[PDB]
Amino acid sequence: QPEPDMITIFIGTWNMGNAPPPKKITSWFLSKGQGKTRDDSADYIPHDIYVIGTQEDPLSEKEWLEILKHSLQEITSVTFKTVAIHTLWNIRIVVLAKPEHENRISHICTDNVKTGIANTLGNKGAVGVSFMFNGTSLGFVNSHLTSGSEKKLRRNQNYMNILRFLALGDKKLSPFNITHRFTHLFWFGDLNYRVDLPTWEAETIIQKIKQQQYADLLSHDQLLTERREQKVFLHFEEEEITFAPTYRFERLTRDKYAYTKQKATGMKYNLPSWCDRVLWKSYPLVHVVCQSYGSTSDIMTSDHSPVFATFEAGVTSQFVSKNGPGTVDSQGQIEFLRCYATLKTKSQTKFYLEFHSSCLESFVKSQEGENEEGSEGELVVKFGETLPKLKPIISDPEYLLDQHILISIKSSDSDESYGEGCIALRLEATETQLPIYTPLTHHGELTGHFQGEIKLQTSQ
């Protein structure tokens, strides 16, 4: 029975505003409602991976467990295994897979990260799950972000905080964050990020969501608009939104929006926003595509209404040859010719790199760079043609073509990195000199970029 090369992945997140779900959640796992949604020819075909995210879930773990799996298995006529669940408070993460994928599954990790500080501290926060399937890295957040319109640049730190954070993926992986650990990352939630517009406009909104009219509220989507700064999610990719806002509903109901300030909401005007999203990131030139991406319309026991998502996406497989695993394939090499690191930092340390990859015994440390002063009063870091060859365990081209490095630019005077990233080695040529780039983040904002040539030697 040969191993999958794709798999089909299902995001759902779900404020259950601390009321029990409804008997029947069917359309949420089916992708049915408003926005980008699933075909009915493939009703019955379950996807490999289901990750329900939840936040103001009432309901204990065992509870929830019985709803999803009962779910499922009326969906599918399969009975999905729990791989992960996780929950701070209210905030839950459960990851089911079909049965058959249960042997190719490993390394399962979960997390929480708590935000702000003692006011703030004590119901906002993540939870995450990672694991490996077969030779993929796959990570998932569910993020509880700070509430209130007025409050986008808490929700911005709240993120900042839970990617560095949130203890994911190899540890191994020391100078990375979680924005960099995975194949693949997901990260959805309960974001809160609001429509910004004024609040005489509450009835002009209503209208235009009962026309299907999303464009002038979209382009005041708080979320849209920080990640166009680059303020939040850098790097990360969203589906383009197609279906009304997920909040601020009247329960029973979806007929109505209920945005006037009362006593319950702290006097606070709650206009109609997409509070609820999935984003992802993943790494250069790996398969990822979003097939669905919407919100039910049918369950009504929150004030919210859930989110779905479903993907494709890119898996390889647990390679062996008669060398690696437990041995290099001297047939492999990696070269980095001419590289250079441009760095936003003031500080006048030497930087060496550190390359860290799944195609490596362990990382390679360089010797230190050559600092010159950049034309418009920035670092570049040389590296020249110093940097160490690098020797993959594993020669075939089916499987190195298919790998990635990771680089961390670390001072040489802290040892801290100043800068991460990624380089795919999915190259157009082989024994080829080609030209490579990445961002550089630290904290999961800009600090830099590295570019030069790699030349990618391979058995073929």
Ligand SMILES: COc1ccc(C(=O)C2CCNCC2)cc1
The other form holds:
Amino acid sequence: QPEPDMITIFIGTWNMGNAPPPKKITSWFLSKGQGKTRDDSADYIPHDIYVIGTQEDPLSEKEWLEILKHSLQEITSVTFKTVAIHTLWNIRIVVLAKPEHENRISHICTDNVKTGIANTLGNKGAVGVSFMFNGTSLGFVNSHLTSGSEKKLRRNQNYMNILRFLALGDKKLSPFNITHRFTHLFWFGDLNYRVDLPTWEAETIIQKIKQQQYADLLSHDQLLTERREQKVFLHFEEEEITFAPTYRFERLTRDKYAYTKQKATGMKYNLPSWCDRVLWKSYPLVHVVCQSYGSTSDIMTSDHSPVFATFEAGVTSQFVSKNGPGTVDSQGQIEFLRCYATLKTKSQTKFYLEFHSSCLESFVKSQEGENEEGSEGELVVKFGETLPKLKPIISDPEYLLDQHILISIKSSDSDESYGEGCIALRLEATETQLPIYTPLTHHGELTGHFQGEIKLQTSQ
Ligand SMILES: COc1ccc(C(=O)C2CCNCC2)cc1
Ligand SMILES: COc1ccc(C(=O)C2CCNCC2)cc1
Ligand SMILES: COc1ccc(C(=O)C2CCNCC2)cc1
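Starting from the form deposited without the ligand above, please write out the structure of the form deposited with the ligand bound.
First the chain shown before, then all remaining chains and molecules of the complex.
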């Protein structure tokens, strides 16, 4: 039985509005409704992994797991296995996988982050799951961010707290947050960003929706505008939205948006918005293709509609040679040439790098770089040809060209990372000096850049 080089992943997000679901929710897992929908001819083909995020979920874990498993069995005739389930308050993530993947899945982690302080601590936050699928690390975050049209900045803060504090993936990657720990990271949920148009324009917005004219609404979607201004979700992707706003509906129909201010809303308007979203971030030059992104039309127990997204995702096999794992493949090397970091910091410490990769036995610390001043104010840290030659565990190009090197630039004074990034080894050539580049982030914000040249030697 061959190991796969692709899998498909279903991501669902649904704010259930504290109501039990209806008896049939199969349209969700089939990617049927509005938007970028899945072809009917695929209906019986199971996804490899289903990741279900709920918010305002009133069910027990057992109750929801039974509904999910029965749904998938009805669609696919496959009895899915539970990889992980994690709940914080009424925010939940379930990961289900095909039974044939049971020995391909390992290192399963779960965590949660509670957002805000005192007043604001008590129902918002995130849950997450990570695991390895053969040689590929996968992370999944379901967040329910702060509500309210005038709280986009608080949502952005909630995002940064979640990506700082959610403890998933390989704890040895200590300088790296979740935005660098995974081959593929999916972040979804009731992100609660709104269409920022005047209250008076509510009926105009409804008209636009009825005409399926989303362009003048999406141009005011706070998540898109905040992302464009690099305020949130830097270096994440989202498929184009081609479905109607998924909030806020009258229950038991989808014919009416309930937007007007009510005691129950704290006298807030809920103009129709795309609260419910799926975003992703994959390491450079890894295959990831969104094959659906939409909302259901027939699940109406909540004031939100379910959102689905599906992805093709490249995966690699758990490589064994005669040499690695448990020794180097002396036929392999990675040389970082003429490298420099450009940092936005005002500090004057010396910096060193750490190179982290599952192709190394353990992370590698460089010598300190040479600080210079850039022409427009910047700190430039030069490493020259001083960087340590990296010795991968396996030299086979079919393995090595699929790997990635995470880079942290750390202060000598504090050992704190000032910037993190990632370099693909999917090069155009081996034994050839080639340009490399990554932006550097810290706490998911841009802090600088790393650029230079690489020379990769494989056994070919
Ligand atoms: C300290 O305050 C807490 C602690 C736990 C919760 C939960 O909901 C747990 C989280 C993990 N899995 C079961 C449920 C909420 C607030
Ligand atoms: C097919 O879905 C799967 C795949 C893998 C697992 C596991 O590896 C379990 C997880 C808990 N600790 C180790 C065993 C479970 C379900
Ligand atoms: C039209 O509004 C936008 C435009 C761009 C963004 C982005 O952040 C990325 C940039 C890099 N990859 C693709 C899109 C978000 C909203």
